[PDB]
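Construct the entire structure; sequences and hints are all you get.
Here are the chains, one letter per residue:
Number of protein chains: 6
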Amino acid sequence: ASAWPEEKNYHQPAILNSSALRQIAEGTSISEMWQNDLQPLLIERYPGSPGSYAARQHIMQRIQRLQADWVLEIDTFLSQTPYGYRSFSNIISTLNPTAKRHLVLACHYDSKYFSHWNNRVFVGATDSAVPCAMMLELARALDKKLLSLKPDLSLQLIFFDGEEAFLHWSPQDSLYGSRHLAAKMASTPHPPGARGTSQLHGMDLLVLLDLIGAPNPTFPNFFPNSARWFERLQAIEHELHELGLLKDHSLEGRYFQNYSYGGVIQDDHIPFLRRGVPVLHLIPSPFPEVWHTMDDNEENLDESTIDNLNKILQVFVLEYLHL
Amino acid sequence: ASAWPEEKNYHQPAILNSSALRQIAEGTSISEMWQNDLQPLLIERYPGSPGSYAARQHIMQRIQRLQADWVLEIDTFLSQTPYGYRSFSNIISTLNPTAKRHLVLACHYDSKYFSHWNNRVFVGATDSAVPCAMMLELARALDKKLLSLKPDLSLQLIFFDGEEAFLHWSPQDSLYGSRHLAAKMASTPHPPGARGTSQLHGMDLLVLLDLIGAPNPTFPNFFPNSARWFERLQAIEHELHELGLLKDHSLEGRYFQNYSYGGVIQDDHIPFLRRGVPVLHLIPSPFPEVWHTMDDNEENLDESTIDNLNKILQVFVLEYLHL
Amino acid sequence: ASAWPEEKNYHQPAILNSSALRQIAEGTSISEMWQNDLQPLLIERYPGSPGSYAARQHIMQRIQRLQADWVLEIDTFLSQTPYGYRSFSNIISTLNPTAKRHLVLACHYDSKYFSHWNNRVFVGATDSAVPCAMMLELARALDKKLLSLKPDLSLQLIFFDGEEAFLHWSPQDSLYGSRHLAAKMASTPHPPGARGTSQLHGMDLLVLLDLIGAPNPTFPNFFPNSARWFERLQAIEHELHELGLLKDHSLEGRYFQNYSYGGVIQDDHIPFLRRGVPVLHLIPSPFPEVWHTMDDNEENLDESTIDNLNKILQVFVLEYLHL
Amino acid sequence: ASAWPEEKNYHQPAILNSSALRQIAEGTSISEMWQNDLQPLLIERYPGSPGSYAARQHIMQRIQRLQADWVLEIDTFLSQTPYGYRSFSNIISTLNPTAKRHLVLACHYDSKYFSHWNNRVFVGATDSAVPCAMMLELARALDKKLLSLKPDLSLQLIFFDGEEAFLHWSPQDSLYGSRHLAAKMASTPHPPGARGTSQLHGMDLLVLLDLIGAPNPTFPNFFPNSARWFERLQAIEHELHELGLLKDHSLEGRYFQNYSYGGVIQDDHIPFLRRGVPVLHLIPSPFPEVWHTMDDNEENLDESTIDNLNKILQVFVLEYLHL
Amino acid sequence: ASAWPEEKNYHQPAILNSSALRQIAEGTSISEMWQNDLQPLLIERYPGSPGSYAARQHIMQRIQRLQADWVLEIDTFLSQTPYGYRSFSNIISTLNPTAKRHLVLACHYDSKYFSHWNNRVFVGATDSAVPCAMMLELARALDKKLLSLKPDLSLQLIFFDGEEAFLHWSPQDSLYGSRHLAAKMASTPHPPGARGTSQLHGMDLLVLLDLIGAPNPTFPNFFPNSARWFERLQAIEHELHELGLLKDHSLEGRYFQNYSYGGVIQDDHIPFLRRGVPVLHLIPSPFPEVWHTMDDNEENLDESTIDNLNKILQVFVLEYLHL
Amino acid sequence: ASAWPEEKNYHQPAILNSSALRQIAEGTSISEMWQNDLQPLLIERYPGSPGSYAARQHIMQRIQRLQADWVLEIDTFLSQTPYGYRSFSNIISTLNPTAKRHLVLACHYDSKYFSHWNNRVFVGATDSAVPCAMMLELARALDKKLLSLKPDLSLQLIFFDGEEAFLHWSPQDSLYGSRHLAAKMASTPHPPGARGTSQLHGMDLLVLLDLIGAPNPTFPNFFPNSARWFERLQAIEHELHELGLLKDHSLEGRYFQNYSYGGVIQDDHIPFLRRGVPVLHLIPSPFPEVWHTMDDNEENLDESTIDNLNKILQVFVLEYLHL
Ligand SMILES: COc1ccc(S(=O)(=O)NCCc2cnc[nH]2)cc1
Ligand SMILES: COc1ccc(S(=O)(=O)NCCc2cnc[nH]2)cc1
Ligand SMILES: COc1ccc(S(=O)(=O)NCCc2cnc[nH]2)cc1
Ligand SMILES: COc1ccc(S(=O)(=O)NCCc2cnc[nH]2)cc1
Ligand SMILES: COc1ccc(S(=O)(=O)NCCc2cnc[nH]2)cc1
Ligand SMILES: [Zn+2]
Ligand SMILES: [Zn+2]
Ligand SMILES: [Zn+2]
Ligand SMILES: [Zn+2]
Ligand SMILES: [Zn+2]
Ligand SMILES: [Zn+2]
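Respectively, the protein sequence lines represent chains A, B, C, D, E and F. Per the UniProt record's numbering, the first sequence runs over residues 33 to 182, 189 to 361. Per the UniProt record's numbering, the second sequence runs over residues 33 to 182, 189 to 361. Per the UniProt record's numbering, the third sequence runs over residues 33 to 182, 189 to 361. Per the UniProt record's numbering, the fourth sequence runs over residues 33 to 182, 189 to 361. Per the UniProt record's numbering, the fifth sequence runs over residues 33 to 182, 189 to 361. Per the UniProt record's numbering, the sixth sequence runs over residues 33 to 182, 189 to 361.
A couple of the hints might just be wrong.
Note that identical chains are pooled: a pair holds if it fits in a single copy or bridges any two copies.
[What the hints assert, rightly or not] In silico DSS-like cross-links for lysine-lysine, where the CA-CA straight-line distance does not exceed 25 Å:
| # | residue 1 | residue 2 |
| --- | --- | --- |
| 1 | 132 | 144 |
| 2 | 144 | 40 |
| 3 | 177 | 144 |
| 4 | 182 | 285 |
Source of the hints: derived by calculation from the structure; they are not laboratory data.
Below you can see the structure in the form of structure tokens.
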């Protein structure tokens, strides 16, 4: 053990001037994310399925064309389900694997298992194809600046498999891929040759995106040790609207209202939270109206709400890394 | 498993025109329940006592008289208590036992054990005698409609024994009939012959009443995955207000105030929720003034409030079931 | 509790003069069991298969034909397997169901699941078809005596489903019917009406047969608190030797060699022993040569050895029960 | 068992009148607490450390100077931790240990471990040095009236050690002293000689103080089985204001506000609540802004808020003990 | 932590010359142990009973007349049983409580709960009134030498309450008093002010006596880390017979045969063994023939076998302490 | 699943003839093992220590020099312990990692921690430095024949770290490296791409070596599901004797004796056995006399016994792999 694992407790942003912001809002394109990153993911992709194989190649192919030095890992594993043993694969994308600290962004890339009702197919556009597509567009839009990284801190993406339950949500029939990965990281020394610190120690903060893409969302501030970065979010939303860099957005319908909760949700942050990781959980209260219906689909997304959030997220990340 | 367990997530009411609502308002009577269903329950009936056996006979012989083909089971079992071993009996009443799905209403029929204090005896008017009687009046007013049932969905009622702690509320000393019954349904194939599904799968939704009977209640919405049905309950209160069918009512004091909660309450629903069954928990917050005191008696109930909620619950059930 | 649960510790045989022993030696026949009770069981009968259902019908219709008032129950339930959910059925046969105490004989009626290897199919002649048939011949030879029963003690038989592991022997994948049934009796009052005692209390002693059918077995004494009854079994072998009633026998190769063991074997008795019930475990050590191989077939059984042990077990039971 | 464990259910306060209230409000001194109880506790005081030992001395000394006949016990124990095995010591201070019923005030007296960041030290002013000094000041201010104790009910204080986690919060890295002490009282008979009642049964109400000192706190009503006593704190606050005995205080921003909370906090009360003890939990929501930073120091505390809260707590305690 | 807790691993006896032995064999009187120490203990003494109270006073009164500086403690506690919560009391007798290391001798002083069959009463003469009486006679016979203790080592006796089960032997209905005391000692620092070592560390070896008093007993050598002192036992038995200091004792019926086991027994050593304490378990294989019968009584003890063992035990203890 | 996990059930050896046996018996050298594999491992080598690191280097180096194409992996992980958190490293050495089936030889390469007593150091000669050198010598002696591997079945070696307990043996203070590695293989799919089979499924037989080196060992047959392979070791021993290829060896005192054992030993095999892997456990009963003392050193080892056992093990391994 040493002292660097407490650095995250004292870390401060580098906020951007109003000329800089302008640039960022101009650096991202909702319509190319729609075409190149999202539409290929709107397919039946439950664990084990052919579409699961397909979504996984798409993701790596998109990261591989970028210019920054990304390092991809495929973490494959076996577990028991209500239908038997099945195989699962998490996807992990890391700049600077050697660095001690990383900021982490994540979502889940599987879609719930369903029968073909009404000759229809479930594809989970908010749940969570869009958040996947948001993580990809961000890495494209900031690619040039991200090269800069050749504070011992950098960035990592995680796309989890097996979040949804197969049959009945339970402590054993849900969260396959994140219950797996959190335990593996708690048992891996980090950095190499370390005697007392694991890879979980290295996670500054986990920002988890889920159920995004519907008009008029409202996000709670969930956690006391993440409260100060939720506030940074509120402020970024505000200066942007004050310069009219957002569309179809009123200050009385803000996304980031400072209002609490208490009654937590089960999601891929629970394995890591139970082990002490600070979490910023970007999920709305309440859930889109189509949650887990065949109508959670492409024609029910609001182009504008998605577009506004890409801008807020991209700013936060740059601010956190001092880029 | 199979495909039918899904249907409950696609399920939608068949809502009532306002004419219908009129018929049903006048089709139940508060004065007949009060004396034929409730007064027989206002007695000492902790598990094992002679009140327990009497209460049990009364419940079953009221159900057995109606025209609909109700099928009764008694589920008797033994558990360890802080006073040593004792005997417990749950009550289950089912229409179309063989149908694959059932909407379920339920409450607890025991009363908590106290010593006689100043020659007063604890009867639990609110906790939960009124929920029992409300359930019994329901099966009467709708007997004619329910009879039709001969979408493979039907109705079921549960009266749990042993909700209350014998000495100190704890995991080991509370919720005796519910913990037992939830593990029993978990292990029982359903429907007969099945090879991969259980009776708990067949539970479309669980409505639990508890601590109903005092005036001015406020009912939080507790759980997201049941929230569409909590909304319905709000519609029903509203309109019936407009149609002048409630009494001593003020939209100031509406029972269903959408606001979110938690939560966070320990009750008979726990062992079922744990295993993946949707729940609709109708217990007020705050509790009544007289909770677990000797004044929880008959003279402290507001006749107008129960009359009102019998109307709301009766409608919900036809609407959920399409009659 | 009460006082009757003690009686089993004070209980003593009523031993048989040698005349009696003669009558009983000639009162059973090995050739009638072999063809009327055994051959119908030599088939593939892993849980869920069609063999399982057939085996089950055969067992019940053999019992149902005899003069003694046997009462049959089928105990059907659902469990999680490494192949997903499946259906299981235990068989229980009881004389004087209401008597407070019962001596219990038992074995497992399923066969282990294998793939067809060189067009051979696994039938488990020793494991445990012969124990089933031995149990069935018993209830025949003594039908006349058992009839007398109308000391509140009587007899019961159990045939467990699901003893064998589906894929890899482990706590979660083995002993499915026994784990389920032991928890069920643990929770059921006995006798009816009781307030402090259970069906497991009523279990005077549990005799489990398994892996019987090859020649030269050796039966360790496993448990102290059943050792007085293991001794009785040694008397019975000895004398019957002296009286020239066994066959192809050598006191060199006596089956019951007093020496101590452990132990240490996982089998259907575990969930019952765990909760305080005396056990008499008649499984050989070492196992047969052909254990879990395809040669565990009919042609490898020694007719003389089973004839011998049917004699020993039949006597024990009259002696334990006083007929 | 006996009947006395029911008394706490029916117990009622003896409300003070207006002449009394001004007496109490003038009887406490904020500057004496500040300089003589509080400043000595603003030191590094994590478990095992010299500051831990100084603090313990300080709390013991100050109680020893008082007239009332407090019985002091140090409850020292041993426990595994993420840094290996360690010794902890709870502080217990009892009037009339023989009395069967006690009202309990509690807090935690350790401070969280941190490395020194840029020459700063964590001293946990709100967390929970202020709560410690409020308990010492109330003992001084009420001393003469406490003498009256010699309704068999007295008062008791607990300073817990090891509340905080060494590395990352979990069930086995936190609440060291309160897990230990709860489980011991549960296994200790009270009053002496009893055969079926424990010391936990004699806890009338556990009032835990935590995270106190910042301006504008708001306290939720956490628990339905203490709600009537929360109500008493609101009435107390309101009448003290109306008499003009509070400083810098607005009825629009009051401390005890009748709003509930769904999703609770882990704290020293869990182990006693899990075993059925009634809790009044005096921790605010939201947490102070300075929570778990080096800025939770002396200069960020609000004098007037703490003096107001002292006066309310003192009144509450006298009315409980009919003094 | 330090180094003295490993001393027990290197500790060697001080063996006695053949003049010394003679003395010891002359120093003990079976007939006064029979009259003064044993006969008062042959009474109904189940937990809670009047005879439990009586046996407990007898024991302390006997220790209090001796001349060495014994320190008595009564450890009273509460636990749940099949019949409810009951109170229990262990008895502890210690020379030199401050010393770091102690040799420990123990047995249980409760007798099993039974109905009065045949107007008869169970008193457990082997189980374990005799071993109690043996521990007392030893302290009398060596009293003078024991004073010598005013290596930091000395001696301690423990008489456990609640060994037997009330209703059905189980992990929760057996071993009350030793499951309790072992956990308490693991959590107590020893010696005072210690940071890393508990009272369990201080136990060199626990010698546990149970079921003694019947002719022709045979004791296994159970444990590899106690094997070397079991051998000392064998040797003491041998030299004594070679000098004819024993009665009715043949070298072909020795008590201490070097022969193994493996299949452990459940008894009061399990709580301490599971936590690493070295155990020498003086229980025979097999159990007396009267085990748990009304015939386990005074007229079935063999005066001579008991007398021989007092001599072997007394020698071992003196040899271990170098006295 | 697939069918191959059944192969190990039907697999049969290819017995060597007499010309072959003399070749093997002459092909191994005890003096080369002694000076080049064994003496370097007689050092303090507890986890975390410099000797731990030297040992690891030594084992890796020696395998690296050999022709066959061993694939080496260091499996380093992190784990809580009685002295805090720590880093451990297992050593794994595989031929043909792709093959689906492997035969596994194993031992532990750490030494127990002790303080120095009178200038002596614990080096664990039998426990388990000798077993480590036997595994290195067999690799040398069979190298040329192992080349033949390129029936899809190869060979694998495991040196476990952290077998021993730091303070006192328990489920959470022992078997650090083998708990870790079992659970990982169970969650890893094999062969690559599989959807329902793990690496554990490919363990044909795990042969664990422990506590080897003393004169006159006797090994029990511990496990019925490996008994046919134990039988092969007896036949091997017997024919090697008859050919006069063993040294100082009597058929009256032979190593593999057909006697069973009831009550097993906790060792590195438990975690694989608990998940259904077949085990041949080569540990003797009784344990060596020098067990866990400073006398388990070089001078107390028996050369001829170890050379005999090498020859038997080498034969056994070739016959498994039809080499
Ligand atoms: C009762 O069964 C449950 C159902 C839902 C929850 S839950 O807490 O609301 N889980 C939501 C997480 C999620 C779903 N799709 C994407 N993310 C929890 C339990
Ligand atoms: C401290 O022990 C506890 C006591 C109460 C709760 S509780 O959450 O408030 N549940 C009470 C449910 C109930 C009582 N009577 C009818 N329904 C929780 C814990
Ligand atoms: C490694 O997995 C294990 C396999 C077997 C045992 S076992 O103890 O040998 N039990 C087998 C019982 C049985 C098998 N067929 C009929 N009865 C124990 C563990
Ligand atoms: C099956 O129920 C059981 C019965 C006995 C055992 S046991 O292992 O044999 N316990 C013996 C301990 C004892 C009894 N009286 C004095 N000491 C274990 C379990
Ligand atoms: C407390 O003392 C104990 C004695 C024996 C056992 S044990 O069960 O026999 N297993 C330890 C085996 C071993 C030790 N070193 C190498 N192998 C465990 C604990
Ligand atoms: Zn979802
Ligand atoms: Zn209640
Ligand atoms: Zn089998
Ligand atoms: Zn804190
Ligand atoms: Zn006993
Ligand atoms: Zn060892």
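Status of each hint after checking the structure:
1. 132 x 144: between (35 Å within a copy, 23 Å between copies)
2. 144 x 40: Between copies only: 16 Å across chains, 35 Å inside a chain, cut-off 25 Å.
3. 177 x 144: neither (36 Å within a copy, 38 Å between copies)
4. 182 x 285: Result: close neither inside a copy nor across copies, 35 Å intra and 57 Å inter.
Going down the numbered hints, you'll see the structure goes against 3 and 4, while the others check out.
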